Amino acid sequence: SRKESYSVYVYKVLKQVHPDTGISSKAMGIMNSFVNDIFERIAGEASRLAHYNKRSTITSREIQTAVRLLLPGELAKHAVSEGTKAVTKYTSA
Amino acid sequence: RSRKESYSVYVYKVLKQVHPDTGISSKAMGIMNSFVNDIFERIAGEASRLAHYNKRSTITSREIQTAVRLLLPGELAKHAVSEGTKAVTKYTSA
Amino acid sequence: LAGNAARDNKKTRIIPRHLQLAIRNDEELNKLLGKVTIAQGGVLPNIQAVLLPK
Amino acid sequence: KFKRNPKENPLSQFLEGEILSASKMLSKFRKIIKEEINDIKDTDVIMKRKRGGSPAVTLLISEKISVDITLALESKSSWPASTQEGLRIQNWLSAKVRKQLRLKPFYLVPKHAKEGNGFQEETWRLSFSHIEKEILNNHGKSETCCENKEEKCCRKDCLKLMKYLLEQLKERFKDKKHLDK
Amino acid sequence: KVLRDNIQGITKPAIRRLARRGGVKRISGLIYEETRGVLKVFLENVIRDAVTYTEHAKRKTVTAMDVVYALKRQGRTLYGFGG
Amino acid sequence: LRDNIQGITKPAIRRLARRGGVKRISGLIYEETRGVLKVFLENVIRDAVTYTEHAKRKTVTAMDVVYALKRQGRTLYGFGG
Amino acid sequence: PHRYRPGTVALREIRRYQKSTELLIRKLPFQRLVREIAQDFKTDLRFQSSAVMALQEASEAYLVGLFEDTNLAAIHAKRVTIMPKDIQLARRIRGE
Amino acid sequence: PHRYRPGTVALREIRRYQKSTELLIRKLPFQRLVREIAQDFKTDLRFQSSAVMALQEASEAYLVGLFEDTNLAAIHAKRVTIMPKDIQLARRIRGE
DNA sequence: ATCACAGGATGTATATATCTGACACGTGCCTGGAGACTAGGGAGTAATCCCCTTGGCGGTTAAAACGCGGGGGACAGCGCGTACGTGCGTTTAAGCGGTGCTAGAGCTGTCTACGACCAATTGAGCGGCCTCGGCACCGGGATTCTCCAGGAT
DNA sequence: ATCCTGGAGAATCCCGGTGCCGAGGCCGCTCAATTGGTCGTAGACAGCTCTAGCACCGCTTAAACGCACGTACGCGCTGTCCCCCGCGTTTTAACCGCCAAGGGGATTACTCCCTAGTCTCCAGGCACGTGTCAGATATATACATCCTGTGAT
Ligand SMILES: [Zn+2]
Numbered sequence: 033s034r035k036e037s038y039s040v041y042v043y044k045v046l047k048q049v050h051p052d053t054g055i056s057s058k059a060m061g062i063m064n065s066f067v068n069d070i071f072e073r074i075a076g077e078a079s080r081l082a083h084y085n086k087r088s089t090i091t092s093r094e095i096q097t098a099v100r101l102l103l104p105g106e107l108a109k110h111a112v113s114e115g116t117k118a119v120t121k122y123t124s125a
Numbered sequence: 032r033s034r035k036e037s038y039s040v041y042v043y044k045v046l047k048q049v050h051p052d053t054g055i056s057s058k059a060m061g062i063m064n065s066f067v068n069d070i071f072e073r074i075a076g077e078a079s080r081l082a083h084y085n086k087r088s089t090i091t092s093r094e095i096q097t098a099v100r101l102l103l104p105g106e107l108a109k110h111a112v113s114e115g116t117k118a119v120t121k122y123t124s125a
Numbered sequence: 066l067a068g069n070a071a072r073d074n075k076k077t078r079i080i081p082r083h084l085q086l087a088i089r090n091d092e093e094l095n096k097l098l099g100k101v102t103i104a105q106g107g108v109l110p111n112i113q114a115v116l117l118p119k
Numbered sequence: 252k253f254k255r256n257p258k259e260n261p262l263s264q265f266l267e268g269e270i271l272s273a274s275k276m277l278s279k280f281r282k283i284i285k286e287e288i289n290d291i292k293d294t295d296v297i298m299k300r301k302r303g304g305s306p307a308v309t310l311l312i313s314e315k316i317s318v319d320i321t322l323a324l325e326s327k328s329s330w331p332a333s334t335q336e337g338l339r340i341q342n343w344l345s346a347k348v349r350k351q352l353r354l355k356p357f358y359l360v361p362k363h364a365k366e367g368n369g370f371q372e373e374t375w376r377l378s379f380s381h382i383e384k385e386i387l388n389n390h391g392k393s394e395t396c397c398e399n400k401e402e403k404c405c406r407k408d409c410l411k412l413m414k415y416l417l418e419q420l421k422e423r424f425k426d427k428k429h430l431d432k
Numbered sequence: 021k022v023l024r025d026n027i028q029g030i031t032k033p034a035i036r037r038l039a040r041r042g043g044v045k046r047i048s049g050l051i052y053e054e055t056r057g058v059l060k061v062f063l064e065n066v067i068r069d070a071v072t073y074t075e076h077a078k079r080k081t082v083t084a085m086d087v088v089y090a091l092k093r094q095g096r097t098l099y100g101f102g103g
Numbered sequence: 023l024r025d026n027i028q029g030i031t032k033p034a035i036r037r038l039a040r041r042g043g044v045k046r047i048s049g050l051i052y053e054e055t056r057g058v059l060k061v062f063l064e065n066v067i068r069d070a071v072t073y074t075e076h077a078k079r080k081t082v083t084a085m086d087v088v089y090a091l092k093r094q095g096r097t098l099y100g101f102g103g
Numbered sequence: 039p040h041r042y043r044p045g046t047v048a049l050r051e052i053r054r055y056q057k058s059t060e061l062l063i064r065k066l067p068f069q070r071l072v073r074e075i076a077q078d079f080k081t082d083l084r085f086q087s088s089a090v091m092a093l094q095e096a097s098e099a100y101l102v103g104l105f106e107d108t109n110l111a112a113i114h115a116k117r118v119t120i121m122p123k124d125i126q127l128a129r130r131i132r133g134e
Numbered sequence: 039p040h041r042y043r044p045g046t047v048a049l050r051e052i053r054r055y056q057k058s059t060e061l062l063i064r065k066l067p068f069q070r071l072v073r074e075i076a077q078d079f080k081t082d083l084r085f086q087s088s089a090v091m092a093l094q095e096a097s098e099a100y101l102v103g104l105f106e107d108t109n110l111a112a113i114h115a116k117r118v119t120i121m122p123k124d125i126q127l128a129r130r131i132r133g134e
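Chains as they are written, first to last, in the authors' numbering: chain D, 33 to 125; chain H, 32 to 125; chain G, 66 to 119; chain K, 252 to 432; chain F, 21 to 103; chain B, 23 to 103; chain E, 39 to 134; chain A, 39 to 134.
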């Protein structure tokens with residue numbers, strides 16, 4: 033009898049952008065649906081890219097390419113910039 | 032040499048049952064190959080989801096069956112179900 | 066269905082066109098593959114009545 | 252029987268379970284014609300009571316003319332496998348004529364399955380009358396044989412004489428009933 | 021017990037209100053019927069898939085997720101009722 | 023290799039329109055049509071490039087075009103698949 | 039006497055319904071419609087209240103989007119009144 | 039000085055183009071269009087001839103479907119001639 | 001002044017003969033399918049707990065249904081004029097075929113850094129709990145809309 | 001018939017207080033993340049082959065380009081008419097809160113058995129090769145559809 037969600041992380045992010053803003057349980061539920069939708073897609077595409085190129089491993093590159101295929105304009109771009117860094121840093125961390 | 036797979040041989044055979052006296056162009060065959068791979072992926076893809084949704088590691092004749100019902104419209108979906116249901120019933124009986 | 070199209074055109078085989086005609090004439094296949102573009106499929110010969118004279 | 256067909260099939264009214272009823276179609280076919288012939292005003296047309304199913308309707312025009320009307324279903328599918336070895340013209344009119352003809356439709360006529368001491372009511376019999384006509388008028392492997400006196404053969408003549416022989420004998424002995432069938 | 025004619029449960033004001041939200045200013049009398057005949061198809065497609073999913077899972081009661089999958093299958097996603 | 027949109031001849035545009043059942047074409051259609059065709063091509067080509075790049079290639083293959091088209095609700099049959 | 043003219047209120051209502059977030063279709067009626075449809079495919083068919091609401095919002099969202107396109111078709115046709123054929127065109131273009 | 043009236047030929051062309059399957063857009067022109075677009079993403083890029091054809095067929099298929107909807111919009115508007123706006127409406131309804 | 005017909009003009013479908021290259025069929029591999037075997041984790045089954053759906057009751061209230069009058073938009077009909085279609089003659093570059101170059105796809109073989117896997121430890125996150133604060137609702141007043149009358153255009 | 005204030009009459013915004021129940025923070029605890037070590041193989045890399053994509057040339061010729069004529073179409077304007085809208089009064093059933101019953105979803109414990117993974121062996125299927133027939137091309141003939149004149153009505 034236990035579930036998991038991103039409610040706690042979404043809450044925190046709101047503060048990074050709007051330190052004084054709260055959030056309803058529904059808005060949170062909506063954000064949870066959003067996160068899971070985007071997650072599935074990127075993971076789906078990353079799988080496929082590995083598949084198309086006849087590979088077994090998903091790397092940061094497949095994630096990057098998947099991001100571009102799904103996201104339009106700058107959102108795709110800022111996401112790539114951020115993803116690149118997190119990996120670059122995590123390694124050196 | 033590297034080697035490629037297709038359904039060209041199976042498509043010919045099916046053609047013979049519907050039209051024993053006819054042939055097929057290489058393009059029409061290429062199209063039928065594109066077709067089979069498309070349908071396969073969809074059914075397998077939906078079957079994948081059903082297995083995931085219902086908390087399974089295995090695809091069975093049911094996940095295939097349900098995927099068919101969701102993907103195919105009206106009666107066409109039905110004949111596919113009838114034939115599949117049978118083929119399994121039969122396979123283990125053959 | 067494509068074979069029937071081939072026969073309609075007095076042929077002994079299926080070409081990409083016959084596949085297109087077959088798929089589209091059959092409502093349920095028309096839909097199953099309703100987003101599919103067939104190489105050299107052409108289109109159905111549907112002409113709007115309002116464009117025709119008396 | 253009819254295959255999957257999404258849209259409404261207007262011949263549904265003649266179905267009996269899955270099967271297209273020859274009995275219903277023939278019965279209704281003659282019923283329609285009967286009502287309609289009574290609307291023929293300049294010509295006197297009388298309908299005969301039906302006995303078999305090969306002629307659906309026999310019409311009697313004044314005192315001289317009779318007309319046998321056969322109803323046939325048309326199918327444009329490849330011919331059934333049972334016809335695969337039929338139309339045995341390969342050594343006569345050629346395999347290529349045979350192939351051409353088989354790209355054409357075949358027909359089904361309402362016909363009870365006549366058998367040893369009875370019959371089936373809703374059966375249909377295969378019909379190739381259109382091919383027979385094509386053959387009679389294309390009886391040569393030259394295919395234009397007889398349309399020119401240089402290539403005049405007696406196939407057509409022999410058949411007429413054979414038909415005439417049987418018809419004459421049937422008329423001769425129509426009373427002894429030996430030849431009615 | 022069996023139900024019936026709840027298509028009329030979608031009342032005239034309800035249709036107008038939807039039309040108005042959509043920017044429709046003026047509505048022909050025949051729209052009501054025409055609209056219902058379209059709404060109905062939409063509902064049929066979504067409900068059916070939800071049922072199909074429900075049956076696959078061998079359940080009797082349709083849950084929000086069954087509806088969500090059904091709507092996703094038709095390509096119209098819905099947030100806040102699961103995901 | 024510039025404004026090659028003009029390489030799409032007027033008759034070429036009209037013929038497509040005809041195939042679509044169009045009987046009469048406004049004189050302003052040619053340009054409007056181009057503004058749409060171009061966007062379509064831009065979206066498809068770019069995805070194909072993205073796939074090509076991912077794969078570390080320089081030549082765009084039919085398969086890269088197919089993936090680009092596919093995802094837009096457009097499976098194309100005939101070039102493999 | 040005093041009243042607003044035809045169209046004054048309609049514009050007002052457009053504003054208002056665009057503005058508000060609630061359901062425009064009555065709930066029990068909608069719920070029943072769902073069941074009436076459901077009872078075609080099978081019996082023993084039950085719904086959670088959350089499933090019905092999920093269906094209702096999706097259903098309204100569908101019709102509203104359809105009406106937006108319908109309205110445009112009516113405008114395209116140089117009209118204010120929407121007619122069944124404006125709905126039909128919009129749907130056809132969509133590919134329904 | 040025999041002539042065929044306006045619309046007689048137009049219908050004829052419609053018949054034919056619906057019937058046939060061949061590409062209507064000239065190839066070298068189309069190929070170059072692809073490249074001009076491509077060079078805006080990347081220089082020194084190459085294409086297989088089959089890739090160009092794949093693009094061309096999809097491109098024509100797109101435009102033809104667009105024209106069919108455009109034609110319907112013009113008809114809805116009581117007109118035979120299609121105008122830029124009829125294209126725009128169809129696209130919009132489609133979500134573009 | 002309109003109907004239909006006949007003739008011409010044009011374009012289509014038709015049979016005919018010949019050409020060629022794309023299919024249909026046969027050969028020889030060779031590697032993926034099928035049979036045979038063990039091992040163990042997932043799926044099936046039943047217990048049973050209790051949460052949530054169903055059904056029913058009675059008030060109470062807003063929301064629907066109905067009817068009436070009247071303005072306003074939909075529609076049909078008319079006429080203007082211009083923006084397209086059709087056909088002719090001239091210009092263009094598309095398509096075909098062939099040539100020649102080499103850039104980059106595609107495959108091979110080697111080696112090693114990376115991730116699956118497993119066992120141990122623990123603290124980040126989920127469920128249940130209380131607290132009270134932002135939001136929804138009530139009632140009153142301010143002022144910001146729409147619409148008509150009467151006096152200008 | 002149309003523009004310009006100025007008033008009357010609703011409708012919508014803003015103000016301040018009630019009160020409630022949904023968010024937000026705290027505590028226990030438990031099981032999913034983290035660490036640390038081992039194994040083996042997927043992927044990185046270099047090397048080499050040779051397919052096929054690019055660039056260029058000249059010739060043939062069917063398409064594209066531009067122009068002139070003229071008329072079917074789009075567009076705007078007018079008037080009818082009728083059918084929606086807006087309001088008020090009557091009628092309905094949706095909604096709310098409360099209650100009880102029990103059906104079926106969710107979790108537990110246990111056990112096979114149905115699959116994955118392994119090795120062995122052979123025939124089904126793919127790459128290549130070759131021959132000839134179907135469809136494409138082109139010629140020429142005959143039938144069908146379209147559009148002005150032309151008499152009949
Ligand atoms: Zn002869």
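Be a bit skeptical, because a hint or two may be false.
To be verified - In silico BS3-like links for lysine-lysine, alpha-carbon gap of 25 Å or less: (1) G:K119 - A:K80; (2) K:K411 - H:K44; (3) H:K47 - K:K254; (4) K:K362 - K:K347; (5) F:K80 - E:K116; (6) B:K78 - A:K57; (7) H:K35 - H:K58; (8) H:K35 - B:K60; (9) F:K45 - E:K116; (10) F:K92 - G:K100; (11) H:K58 - G:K76; (12) K:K400 - K:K301; (13) K:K327 - G:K75.
Stated by the list, open to error - Ranges between beta-carbon positions, derived for each pair: (14) D:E72 - E:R130: 39 to 49 Å; (15) G:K119 - K:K350: 37 to 47 Å; (16) H:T89 - A:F79: 24 to 34 Å; (17) B:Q94 - H:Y41: 48 to 58 Å; (18) F:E64 - E:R84: 13 to 23 Å; (19) E:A99 - B:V61: 23 to 33 Å; (20) K:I270 - A:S87: 46 to 56 Å; (21) K:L410 - H:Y41: 42 to 52 Å; (22) E:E134 - B:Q94: 11 to 21 Å.
Said to hold, decoys possible - Facing chain D, a subset of chain B residues (Cβ under 10 Å, in silico): (23) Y52; (24) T72; (25) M85; (26) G103.
Source of the hints: derived by calculation from the structure; they are not laboratory data.
C-beta atoms are modelled at their ideal positions from N, C-alpha and C, and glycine is treated no differently.
Structure-based check of all given hints:
Between the alpha carbons of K119 of chain G and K80 of chain A the distance comes to roughly 55 Å, so the proposed pair goes past 25 Å and is violated. With a CA separation close to 45 Å, the supplied pair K411 of chain K and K44 of chain H exceeds the 25 Å bound. As the CA atoms of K47 of chain H and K254 of chain K are separated by approximately 18 Å, the hinted pair is consistent with the 25 Å bound. With a C-alpha separation of about 31 Å, the suggested pairing of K362 of chain K with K347 of chain K is violated against the 25 Å cut-off.
A threshold of 25 Å between alpha carbons decides the hint, and for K80 of chain F with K116 of chain E the separation of about 50 Å lies outside it, so the pair is violated. Simply put, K78 of chain B and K57 of chain A have alpha-carbon atoms about 41 Å apart, too far for the 25 Å limit, and the pair is violated. A hinted pair counts as satisfied when its Cα atoms are at most 25 Å apart, and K35 of chain H with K58 of chain H qualifies at roughly 16 Å. Simply put, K35 of chain H and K60 of chain B have alpha-carbon atoms about 35 Å apart, too far for the 25 Å limit, and the pair is violated.
Of the pairs offered as hints, the one joining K45 of chain F and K116 of chain E holds, with about 13 Å between alpha carbons and a cut-off of 25 Å not exceeded. The straight-line distance between the Cα atoms of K92 of chain F and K100 of chain G is roughly 18 Å, inside the 25 Å bound, and the hint therefore holds. For a cut-off of 25 Å, the pair hint linking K58 of chain H to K76 of chain G stands: about 16 Å separates their Cα positions. With a CA separation close to 44 Å, the supplied pair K400 of chain K and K301 of chain K exceeds the 25 Å bound.
Of the supplied pair hints, the one linking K327 of chain K and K75 of chain G holds, its CA atoms being roughly 11 Å apart against a limit of 25 Å. Remark: the range hint 39 to 49 Å for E72 of chain D to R130 of chain E is contradicted by a beta-carbon distance near 32 Å. Range check, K119 of chain G to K350 of chain K: Cβ separation about 44 Å, and the 37 to 47 Å hint holds. At roughly 44 Å, the beta-carbon separation of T89 of chain H and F79 of chain A lies outside the given 24 to 34 Å, and the hint is violated.
About 30 Å separates the C-beta atoms of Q94 of chain B and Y41 of chain H, a value inconsistent with the hinted range of 48 to 58 Å. Take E64 of chain F and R84 of chain E: their Cβ atoms lie about 18 Å apart, and the range 13 to 23 Å holds. At roughly 27 Å, the beta carbons of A99 of chain E and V61 of chain B sit within the given window of 23 to 33 Å. One distance hint, 46 to 56 Å for the beta-carbon pair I270 of chain K and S87 of chain A, holds here, with the actual separation near 55 Å.
The hinted range of 42 to 52 Å is satisfied by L410 of chain K and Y41 of chain H, whose Cβ atoms lie roughly 47 Å apart. Evaluation of the 11 to 21 Å hint for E134 of chain E and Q94 of chain B yields a pass: the beta carbon distance comes to about 19 Å. At a threshold of 10 Å, the smallest CB-CB gap from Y52 of chain B to chain D is about 28 Å, leaving the interface hint violated. Here the hint on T72 of chain B is kept, as its CB sits about 6 Å from the closest CB of chain D, short of 10 Å.
Annotation: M85 of chain B was flagged as interfacial toward chain D, and the flag holds, the nearest CB pair being 8 Å apart, inside 10 Å. A least Cβ separation of about 12 Å between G103 of chain B and chain D goes past the 10 Å threshold, and the interface hint is therefore violated.
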